[PDB]
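Protein chains: 2
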Amino acid sequence: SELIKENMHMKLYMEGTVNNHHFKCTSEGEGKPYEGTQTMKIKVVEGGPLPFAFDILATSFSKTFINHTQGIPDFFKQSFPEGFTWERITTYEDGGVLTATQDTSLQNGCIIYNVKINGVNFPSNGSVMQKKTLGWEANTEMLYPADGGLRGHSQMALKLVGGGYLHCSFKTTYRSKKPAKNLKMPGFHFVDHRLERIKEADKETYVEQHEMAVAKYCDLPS
Amino acid sequence: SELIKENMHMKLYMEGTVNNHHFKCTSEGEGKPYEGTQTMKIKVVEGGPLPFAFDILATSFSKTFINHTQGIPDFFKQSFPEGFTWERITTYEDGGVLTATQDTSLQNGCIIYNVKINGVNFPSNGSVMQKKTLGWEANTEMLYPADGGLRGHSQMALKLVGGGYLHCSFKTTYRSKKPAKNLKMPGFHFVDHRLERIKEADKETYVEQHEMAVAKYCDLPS
Numbered sequence: 002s003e004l005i006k007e008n009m010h011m012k013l014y015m016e017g018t019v020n021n022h023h024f025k026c027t028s029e030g031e032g033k034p035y036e037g038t039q040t041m042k043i044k045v046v047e048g049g050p051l052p053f054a055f056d057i058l059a060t061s062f066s067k068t069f070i071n072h073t074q075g076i077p078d079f080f081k082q083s084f085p086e087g088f089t090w091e092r093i094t095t096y097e098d099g100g101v102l103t104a105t106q107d108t109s110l111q112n113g114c115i116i117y118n119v120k121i122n123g124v125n126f127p128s129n130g131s132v133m134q135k136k137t138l139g140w141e142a143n144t145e146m147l148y149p150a151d152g153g154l155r156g157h158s159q160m161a162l163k164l165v166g167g168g169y170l171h172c173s174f175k176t177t178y179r180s181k182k183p184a185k186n187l188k189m190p191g192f193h194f195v196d197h198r199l200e201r202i203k204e205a206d207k208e209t210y211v212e213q214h215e216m217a218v219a220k221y222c223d224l225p226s
Numbered sequence: 002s003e004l005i006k007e008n009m010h011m012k013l014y015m016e017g018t019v020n021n022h023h024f025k026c027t028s029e030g031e032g033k034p035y036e037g038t039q040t041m042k043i044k045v046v047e048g049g050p051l052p053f054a055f056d057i058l059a060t061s062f066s067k068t069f070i071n072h073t074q075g076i077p078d079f080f081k082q083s084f085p086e087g088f089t090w091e092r093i094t095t096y097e098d099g100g101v102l103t104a105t106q107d108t109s110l111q112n113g114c115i116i117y118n119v120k121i122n123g124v125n126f127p128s129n130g131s132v133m134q135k136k137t138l139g140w141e142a143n144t145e146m147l148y149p150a151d152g153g154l155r156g157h158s159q160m161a162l163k164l165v166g167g168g169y170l171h172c173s174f175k176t177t178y179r180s181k182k183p184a185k186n187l188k189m190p191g192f193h194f195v196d197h198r199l200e201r202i203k204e205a206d207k208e209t210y211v212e213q214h215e216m217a218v219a220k221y222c223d224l225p226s
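Chains as they are written, first to last, in PDB author numbering: chain B, 2 to 62, 66 to 226; chain A, 2 to 62, 66 to 226.
Think of the hints as simulated: they come from the structure by calculation, not from any bench.
Any given hint might turn out to be false.
Same chains, same label: a pair holds when it works inside one copy or across any pair of copies.
Stated by the list, open to error - Each computed BS3-like pair below joins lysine-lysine, with the alpha-carbon atoms no more than 25 Å apart:
1. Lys44 - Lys188
2. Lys181 - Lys203
3. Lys163 - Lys175
4. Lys207 - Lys175
5. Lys44 - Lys163
6. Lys181 - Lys207
7. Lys135 - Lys203
8. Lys188 - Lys163
9. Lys207 - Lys136
10. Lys182 - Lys44
11. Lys220 - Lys207
12. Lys135 - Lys81
13. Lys203 - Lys12
14. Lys135 - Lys42
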């Protein structure tokens, strides 16, 4: 993947609605694609301050930045220069869903994300709309080939003020924009994740967020 | 937990239906509760050979056998001598659900499992009812306290004849039969799991299953 350097910058444009509250965000960031680390500085540029927990948007802001161990082929880095798309729905425990559709492209050596968000039915007095959340536990995504791409399935736990958790799960499909003749497809494997909040200002109008991600197989001793 | 020795034997009785097909199984096994390893020899004793994949029963055959690292308290071993119960529903991608209710007790030094199975709506010509499955990938359960005990959430991928996977997820509640003022509760953590078969025969009317399980926190730096 010669176009993907040791360090890469990213820029993002996001627009959407959550319970019919419209907003837009942009972000800029940098990471080390082969080391699986990245950081983004995010701004809410319309519809701020958001009237819902920023945490529900966290996984919508970057699959190029996964460290691949154990010889696992890299569906995402192989897709350049054309890039790939992803599409996802996250279902929350207490009623809410957040759907997102994303395009990942490469322009002048900069990775570019374009995201559309459609979140519906979050309980009006529940944890998300009343901003009672405190960020995400770590998790492991499962990825395997499917319906024309890679299928991801994930579950995650959102920490709540007071010490409890709100569970969610999601299903993702990743689709390469490169002809498939030119891809070495990975088999079933895991991406071990962690999402870290770095800072926020102005009621989450500005948020800095970091991720580490490692692709691997089952880690249990033979 | 000194009723739970370094080696423990288990005996199990299981009865239920899948798509209105009645069956019973029994099993005997042994494991090392603190090393997180165990083996069970399972027989179908009524309703065999089962007209559906044995794989959908695999998680219904033992939480006392988890290795606890990083100082994580052991909800299960702490529950003895009274023991604990679990209850679970697994939802499968192509339709079908497998509901199970279990009691775990300790009698004359042997751990005893009693399990009731209720599986419904599996597609009659689907992979499960047509016995076209080839066992489970590894996975990690998430566990945290809930009203009345510990809540687990899981997802698993079932290998299919001819390649590809059928996805499922499940939610479990574990309840101690011991007074709670007498328990040190764990916080949010993971159980890194893997199921394997040692041998099988005669259309899965005999299956010997092995598990290795380790409770841990996120294994990524930072």
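Tested hints:
1. Taking identical chains as interchangeable, the C-alpha atoms of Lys44 and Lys188 are never at most 25 Å apart, the minima being 37 Å within one chain and 42 Å between chains.
2. For the homomeric pair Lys181 and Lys203, neither the shortest alpha-carbon distance inside one copy (34 Å) nor that between copies (44 Å) is at most 25 Å.
3. When the C-alpha separation of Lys163 and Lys175 is checked against a cutoff of 25 Å, the pair qualifies both within a copy, at 21 Å, and between copies, at 18 Å.
4. Within a single copy, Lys207 and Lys175 get their C-alpha atoms no closer than 29 Å, and across copies no closer than 33 Å, so neither meets the 25 Å cut-off.
5. For the homomeric pair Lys44 and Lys163, the shortest alpha-carbon distance inside one copy (23 Å) is at most 25 Å, but the shortest distance between copies (43 Å) is not.
6. For the homomeric pair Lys181 and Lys207, neither the shortest alpha-carbon distance inside one copy (37 Å) nor that between copies (44 Å) is at most 25 Å.
7. Only within a single protomer do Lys135 and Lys203 lie at most 25 Å apart by alpha-carbon distance; the minimum there is 16 Å, versus 52 Å between protomers.
8. With identical chains, the CA atoms of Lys188 and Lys163 are at most 25 Å apart between copies only, with a shortest distance of 21 Å across copies and 38 Å within one.
9. In this assembly of identical chains, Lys207 and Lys136 lie within 25 Å of each other by CA distance solely inside one copy; the values are 12 Å within and 52 Å between copies.
10. Neither within a single protomer nor between protomers do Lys182 and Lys44 lie at most 25 Å apart by alpha-carbon distance, with minima of 31 Å and 50 Å respectively.
11. In this assembly of identical chains, the alpha carbons of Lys220 and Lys207 never lie at most 25 Å apart, being 36 Å within a copy and 33 Å across copies at closest.
12. Taking the closest pair of Cα atoms, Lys135 and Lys81 never come within 25 Å of each other, the shortest separation being 36 Å inside a single copy and 37 Å across copies.
13. Only within a single protomer do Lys203 and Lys12 lie at most 25 Å apart by alpha-carbon distance; the minimum there is 19 Å, versus 53 Å between protomers.
14. For the identical chains of this complex, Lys135 and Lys42 are intra-copy neighbours only, at 20 Å inside a copy versus 50 Å across copies, given an alpha-carbon limit of 25 Å.
When each numbered hint is compared with the structure, violations occur for hints 1, 2, 4, 6, 10, 11, 12.
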